[PDB]
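*Asks:* Residues per chain are reported as follows:
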Amino acid sequence: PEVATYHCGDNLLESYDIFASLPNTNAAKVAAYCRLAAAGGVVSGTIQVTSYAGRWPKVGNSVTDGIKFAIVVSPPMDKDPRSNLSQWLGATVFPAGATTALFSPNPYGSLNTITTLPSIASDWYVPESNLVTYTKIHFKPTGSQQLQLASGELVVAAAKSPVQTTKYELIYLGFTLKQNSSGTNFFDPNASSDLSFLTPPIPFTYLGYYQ
Amino acid sequence: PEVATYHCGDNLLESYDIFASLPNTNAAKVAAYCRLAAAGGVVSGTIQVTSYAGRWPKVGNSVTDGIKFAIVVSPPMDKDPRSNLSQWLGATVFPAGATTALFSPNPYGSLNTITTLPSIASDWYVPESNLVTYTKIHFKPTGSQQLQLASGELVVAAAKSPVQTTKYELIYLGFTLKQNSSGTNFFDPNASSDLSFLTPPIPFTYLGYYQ
Amino acid sequence: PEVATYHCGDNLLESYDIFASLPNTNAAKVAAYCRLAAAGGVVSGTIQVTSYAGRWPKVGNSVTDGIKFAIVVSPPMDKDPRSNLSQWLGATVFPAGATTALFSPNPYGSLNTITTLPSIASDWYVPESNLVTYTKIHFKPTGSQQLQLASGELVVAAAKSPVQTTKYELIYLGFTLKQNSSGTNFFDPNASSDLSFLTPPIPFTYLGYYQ
Ligand SMILES: [Ca+2]
Numbered sequence: 583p584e585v586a587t588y589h590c591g592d593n594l595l596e597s598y599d600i601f602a603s604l605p606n607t608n609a610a611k612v613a614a615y616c617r618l619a620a621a622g623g624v625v626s627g628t629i630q631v632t633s634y635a636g637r638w639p640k641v642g643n644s645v646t647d648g649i650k651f652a653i654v655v656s657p658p659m660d661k662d663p664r665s666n667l668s669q670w671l672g673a674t675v676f677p678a679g680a681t682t683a684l685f686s687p688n689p690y691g692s693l694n695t696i697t698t699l700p701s702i703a704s705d706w707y708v709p710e711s712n713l714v715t716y717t718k719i720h721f722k723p724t725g726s727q728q729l730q731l732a733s734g735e736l737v738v739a740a741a742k743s744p745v746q747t748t749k750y751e752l753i754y755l756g757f758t759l760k761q762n763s764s765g766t767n768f769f770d771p772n773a774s775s776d777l778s779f780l781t782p783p784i785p786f787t788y789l790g791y792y793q
Numbered sequence: 583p584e585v586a587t588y589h590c591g592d593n594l595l596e597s598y599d600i601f602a603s604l605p606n607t608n609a610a611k612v613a614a615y616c617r618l619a620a621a622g623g624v625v626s627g628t629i630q631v632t633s634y635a636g637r638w639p640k641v642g643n644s645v646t647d648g649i650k651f652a653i654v655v656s657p658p659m660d661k662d663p664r665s666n667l668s669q670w671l672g673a674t675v676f677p678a679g680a681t682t683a684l685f686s687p688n689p690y691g692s693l694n695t696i697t698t699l700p701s702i703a704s705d706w707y708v709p710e711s712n713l714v715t716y717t718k719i720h721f722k723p724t725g726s727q728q729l730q731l732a733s734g735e736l737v738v739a740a741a742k743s744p745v746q747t748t749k750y751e752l753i754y755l756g757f758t759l760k761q762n763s764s765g766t767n768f769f770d771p772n773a774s775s776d777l778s779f780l781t782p783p784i785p786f787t788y789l790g791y792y793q
Numbered sequence: 583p584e585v586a587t588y589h590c591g592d593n594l595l596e597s598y599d600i601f602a603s604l605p606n607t608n609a610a611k612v613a614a615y616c617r618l619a620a621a622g623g624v625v626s627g628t629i630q631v632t633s634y635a636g637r638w639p640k641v642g643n644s645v646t647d648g649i650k651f652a653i654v655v656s657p658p659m660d661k662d663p664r665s666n667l668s669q670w671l672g673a674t675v676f677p678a679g680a681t682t683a684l685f686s687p688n689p690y691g692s693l694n695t696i697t698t699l700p701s702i703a704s705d706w707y708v709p710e711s712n713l714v715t716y717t718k719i720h721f722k723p724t725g726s727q728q729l730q731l732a733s734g735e736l737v738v739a740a741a742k743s744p745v746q747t748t749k750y751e752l753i754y755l756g757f758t759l760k761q762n763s764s765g766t767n768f769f770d771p772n773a774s775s776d777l778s779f780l781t782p783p784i785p786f787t788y789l790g791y792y793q
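Residue numbers (the entry's author numbering), protein chains in the order written: chain C, 583 to 793; chain B, 583 to 793; chain A, 583 to 793.
Any given hint might turn out to be false.
Stated by the list, open to error - Here are some, though not all, of the chain C residues that point toward chain B, as calculated from beta-carbon distances under 10 Å:
#, residue
1, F601
2, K611
3, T628
4, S733
5, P785
6, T787
Unchecked claim - Heads up, simulated DSS-like pairs for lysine-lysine below, C-alpha to C-alpha not over 30 Å straight-line:
#, chain 1, residue 1, chain 2, residue 2
7, A, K611, A, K749
8, A, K611, B, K718
9, B, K760, B, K661
10, C, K742, B, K742
To be clear, the hints were calculated from the coordinates, so they are not data collected in a lab. In this text, a Cβ means the ideal position worked out from N, Cα and C, and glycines have one as well.
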């Protein structure tokens, strides 16, 4: 089809059922929404993510370390359930019965540029500097005023997992949010549970499957 | 419709009738052209802007402060004339009678990420660091050789004005142009009137209305 | 047509028959693939490039200078063969008989923002700071692990050559890849021929021809 769309997650950002990998062997739940539009083999889309201190492990200092996490968008999860690393709930593609293949990173482009994720499925975070390749987008997130969020980066990488049973690539999205030095520490064990961050829908583009 | 387009402004960049807001309760007129294409609820587009010293406030120093200004793109201005903050003299949509709603930042995405503009129609500039959320693009502008323009940033923020009568969101575009330290001061009262800057068409993407 | 596509180069990246212009009046052969999708006057696409040390001039130091080169995408080469500066073997447009004009940078946007390339036509490299206007994209390339490739920038500029016989603009893509200070020198005369870099498909957007 000429234009196809794909979405997963909760557009109201109220279901904290999405799995994020954090640095140093950690995990957190977030609410997220993803929309992709594919035309002519080129895919443009947005990701939007939110979470609060209550879901987050209590190690490190967010002011010095940044708030870092990653999620995986997995278009072939309909035919390869093991690829659903972020534990999404099941997409809507339009028009119905457009293949999800359209939203996987291009296979020819992915050769030798793809990141192979750690194969333990509760711990697939990869620091920016060990990603094989990526594209970088700059944005500003918002959140509780005391966090003093100043900026953020998104990296978009083509990825695969050894646990996958199919040929189709995934999209790894790594996030880094930064605070002004006077912000409070998000990872502080006595920090209020209700401290939260919320990104805008961050746009990205990549090459998908084509004829 | 599958693909819809929107444009406003003068593609020949000869009508200096677009109102730009500046730092410190100043304003300037610019010529501008904006084109958006929406497919699958994702919108990609460009903005191009030009102006000359004659039209610009003689205060501060552009070399140390940068040249800063903002314009608003306002898709719902056909049904809410008060939202036309930059005072575009009309807009065209194709195919005819596609709703302008398609080009407004997505309402679910906009919740809690939107910036509320100062409520006065002639003074709505918001410094980058007070924008609630945004996406950043880096470019290089051109202009009179003696300005020695080195680079620029565009920030794209979803916004709304208290003066609006509808729920449809606007796009706030904040610009910063930077000069090499030996360039002449654009804001100097004795500067030649003809000193000008001109951006290329700067591309941006955001999430719009969908089903 | 609503959506048109354009591609040139080898998607398997095995034919090192593409010319890239280099600093100091040098040139190198690369393998490259470019895909563009045009909707509503707005063009999005990717470029992917790879090459190895064997094909590269042995001067300077890549660690301190960076690995810099440029290629030209030339949509009107079907009607203006002289505009084929990077020497693509041909291009494919879909649907067949869609005009290649759609993929040229917009003519109204291009006036006064366009870069005029040097004329002796293997060495039309323009340093970033000499380009009239551009848009900048940040990415991370990959390659031989001893290169220690850390990051890269792509600049997208509208361009023309004095040797062209038509009005249609070209796309100049300038690359800079950077290495960690401990990486080996790609330009070392003793360096293994097989050292290589490979970018991901890097996405970009620009304004093309419209009605
Ligand atoms: Ca006008």
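*Asks:* None of the hints should be skipped; say for each whether it holds.
*Replies:* Okay, the hints, checked on the actual structure:
no., hint, result
1, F601, "22 Å, violated"
2, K611, "19 Å, violated"
3, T628, "5 Å, holds"
4, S733, "8 Å, holds"
5, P785, "4 Å, holds"
6, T787, "7 Å, holds"
7, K611(A) - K749(A), "27 Å, holds"
8, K611(A) - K718(B), "34 Å, violated"
9, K760(B) - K661(B), "37 Å, violated"
10, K742(C) - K742(B), "41 Å, violated"
Violated hints for the displayed structure, listed by number in ascending order: 1, 2, 8, 9, 10.
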